Amino acid sequence: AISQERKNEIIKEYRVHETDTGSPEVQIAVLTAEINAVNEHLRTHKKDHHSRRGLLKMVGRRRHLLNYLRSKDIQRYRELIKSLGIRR
Amino acid sequence: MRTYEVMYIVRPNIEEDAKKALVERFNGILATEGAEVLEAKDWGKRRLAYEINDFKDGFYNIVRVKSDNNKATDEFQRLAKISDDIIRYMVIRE
Amino acid sequence: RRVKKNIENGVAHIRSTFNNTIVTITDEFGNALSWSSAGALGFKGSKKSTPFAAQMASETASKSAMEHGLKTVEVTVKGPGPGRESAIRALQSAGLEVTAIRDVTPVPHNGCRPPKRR
Amino acid sequence: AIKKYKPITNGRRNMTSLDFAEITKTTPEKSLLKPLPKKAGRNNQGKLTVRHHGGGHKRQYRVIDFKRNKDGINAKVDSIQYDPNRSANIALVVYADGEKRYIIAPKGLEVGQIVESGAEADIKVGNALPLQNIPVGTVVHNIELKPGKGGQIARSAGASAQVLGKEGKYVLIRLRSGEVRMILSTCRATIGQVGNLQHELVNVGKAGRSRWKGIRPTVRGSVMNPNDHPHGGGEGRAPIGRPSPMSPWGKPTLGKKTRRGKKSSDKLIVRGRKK
Amino acid sequence: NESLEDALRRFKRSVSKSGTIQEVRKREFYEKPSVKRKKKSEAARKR
Amino acid sequence: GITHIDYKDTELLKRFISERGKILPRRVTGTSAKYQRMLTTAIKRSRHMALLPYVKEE
RNA sequence: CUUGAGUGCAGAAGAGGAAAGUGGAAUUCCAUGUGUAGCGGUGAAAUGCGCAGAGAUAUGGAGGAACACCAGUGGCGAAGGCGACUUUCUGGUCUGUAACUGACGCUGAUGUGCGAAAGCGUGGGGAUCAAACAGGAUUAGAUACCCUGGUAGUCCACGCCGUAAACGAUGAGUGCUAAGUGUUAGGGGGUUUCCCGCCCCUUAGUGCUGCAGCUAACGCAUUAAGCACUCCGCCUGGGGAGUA
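Residue numbers (the authors' numbering), protein chains in the order written: chain o, 2 to 89; chain f, 1 to 94; chain k, 10 to 127; chain D, 1 to 275; chain u, 9 to 55; chain r, 22 to 79.
Think of the hints as simulated: they come from the structure by calculation, not from any bench. We treat Cβ as the ideally placed atom computed from N, Cα and C, and that holds for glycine. All clues given are correct.
Which chain f residues stay away from chain r? Per the calculated CB distances, all over 10 Å, these:
#, residue
1, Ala18
2, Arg25
3, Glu33
4, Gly34
5, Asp42
6, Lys45
7, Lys66
8, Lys71
9, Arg78
10, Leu79
11, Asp84
Derived EDC-like pairs (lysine to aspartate or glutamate); straight-line CA-CA distance at most 16 Å:
#, chain 1, residue 1, chain 2, residue 2
12, r, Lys77, f, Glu51
13, r, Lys29, f, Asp42
14, k, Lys87, r, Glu78
15, k, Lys125, u, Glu39
16, k, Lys125, u, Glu36
17, D, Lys3, D, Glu22
18, k, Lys87, u, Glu31
19, u, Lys20, r, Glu78
20, k, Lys87, u, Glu36
21, r, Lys43, u, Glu31
22, D, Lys166, f, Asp84
23, k, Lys80, k, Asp36
24, u, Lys25, r, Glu40
25, o, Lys83, o, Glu14
26, r, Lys29, f, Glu94
27, f, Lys56, r, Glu79
28, D, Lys124, f, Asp74
29, r, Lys29, f, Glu5
30, u, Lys25, r, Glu78
31, D, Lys3, D, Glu200
32, u, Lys25, k, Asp112
33, k, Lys13, k, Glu37
34, u, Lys20, k, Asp112
35, r, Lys65, r, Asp30
36, D, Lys124, f, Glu75
37, r, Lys77, k, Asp112
38, D, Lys124, D, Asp71
39, f, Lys81, D, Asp122
40, u, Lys20, k, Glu94
Use the sequences and the hints to build the structure in full.
Next up, the structure:
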């Protein structure tokens, strides 16, 4: 969904500074978990009109942020495409 | 974790002994999963505005139970169909 | 009985569509005693619709209702028609002692699909 | 699952099959088997009586404890398995006791599950019991008619019975055949529809399969020379002239009944439609 | 001692006040779900 | 304020229905719209447990 | 670097969706009872039903549908569309805060997916309604209007089809440009002994009236058809023809 507990949990591992709420590694991580959970939601519920809409938008947003990242730094970029294991 | 209210309604024509056994049985159903039976009540012998099956009035009954979201209805509103004495029911949240 | 069921509070069923109105009086439950229809009073077509035809069926069966004997009588009303206020004015003069009048002409709850045309 | 074999030749075109992901094991027991011959439609005398049976694959018999006599005791399933003798799959059991007895496969019965056969048993699949202790609106099978004979009805592939109401005795049912019969209130029964449901939705594909079973070819009547069949004869093709389309021993086919009005079931049946 | 015509009047607002007339008026023949809202989008300024 | 209903305020339910079994709308109440939305739900939930009827025309 | 965008923090509402589960009326039918002679429908009639006892009345049962009043020029939705209730899952939106990132943005060919009703297929169910259809009546004539009935279908799941007056006949985004009046979700201030009463301000949406300006004219006018910018798509007399 997720809980605000796990929401405030994951940031701990992937925040660069403890005040952080941006630092998009945050955003793509949280959102990554969400798109997974909604993926199997959508599995058991094969049809929803809103749901996959939300997924596609989450995704295009995600990759946008990711392109800002690889635009900025690459050592990170590698670091977390092999932490979260995404985009081959 | 969530606050699930709940109702049940039985006939007035049963002997009370059935009502007792069904109470203890019933809440026994609810709290066993890890749900936390919280607050019971007998709203009382109450006249209806509607004849359910052939009757006039009956026993309105309330209990309340707080739990995580996947423990109570799963067996409650199955047995509700099974129990001859049980008439109607209803479940809500906060 | 079962022809001569004798009471003192039956009930009067009435309906008035836009082509006809009929009437019939029974006991509380009830079970039949008598009726009348404007098509049985000789009338036809529009005349089945009149308040006047409602009065005459109301009386002409009401007398058969005091056959076995009855004074009080309650009302049922279906069928919004024009005779549903002249028929009653007839009925008080019929010599009866009515207690209640409750309209039941059911408005359902979005259940069934009516005819289309027109 | 059913499956589209694609055409490579002209005898795999329109055909289908099962796919058999409803099964754990391939090989059955040694112990509960019983051999079986095929008589192929003919009496003790030797005489054929029924036409177009015969000519199959070898097979065997596999016992079932329909009665579920041992009651109250629990058990489980250890496996699902094919049975050629019937359309529907079947499910093994290992009692907590230790015996082993094949029984039917309902819809959605999975390994590790448990079951009983007692009137104390509350309504779940397979838990057999006397029907008296059941509500209305419960799909059930392997029904008795007389008690203790072993269940008989709704035993086919897929769907099954449905209970409609109750006198204290007898007790009613609505059936696959759209009709109704009052039943003893104390008869044993089970819960749940039967398993395999697509057994109808095979397209056999060709004629050899039907022989593999076995079945074997039938013949019409509008070709037979007239000694054998009424519809026979007639030069050119045969527009049948005699009404009441007969059967090869007379006794017509179409419309006409065979249910006789003198059976002891005179008063049990109601609302008979699918015959 | 409320005359049966006065009862006919109490009944007359019993019927006129429960709207027992205009719903049968409204349900007597089919209405497409769009036309009762052209109906109310033209009653949307009359009122 | 601030929770509704469920069955507990009959001297507001009865204030907000007619004799017959129907609803008195927003206008004769003139109440707010969010309580209208909550309350109507509470009515239906209270009729389904038969605390009061769908039509009292008797 | 933050004023753009976005995440956070605290809040708010919602016929938002998909699966599941109950409930009541109401029609049709059936059983039973009462009980006699018409019911039904019409511009006026007949077709139809009726002594095998109809219709009416009354109890009970069946099962399919759609979920009355609330309901609002009300809301939600990107668009189609979304109105019995409850449950499970889930997305989306607005406010105020802001400490975080630090311009990450707009458009978007190609491409890709959603998509009214009708319809096709595998099945299922099938109460009402009614193309087609049968019949009466009407008509100079009536294959039609009108009356009587009745199939497909309407209904569920799964698939397909991919159109419409799919309309605000107004492409997406950014920003400025007089007012006044309402309704919806919020926020903030004041008053009030407590604002529940009320006043004031503001955001967002939502309607109504109307300056400037525009307009061929109708008319739009802070939800622009004004003023300017960026991107896409579209038009070049009509017919032939959205046809080969």
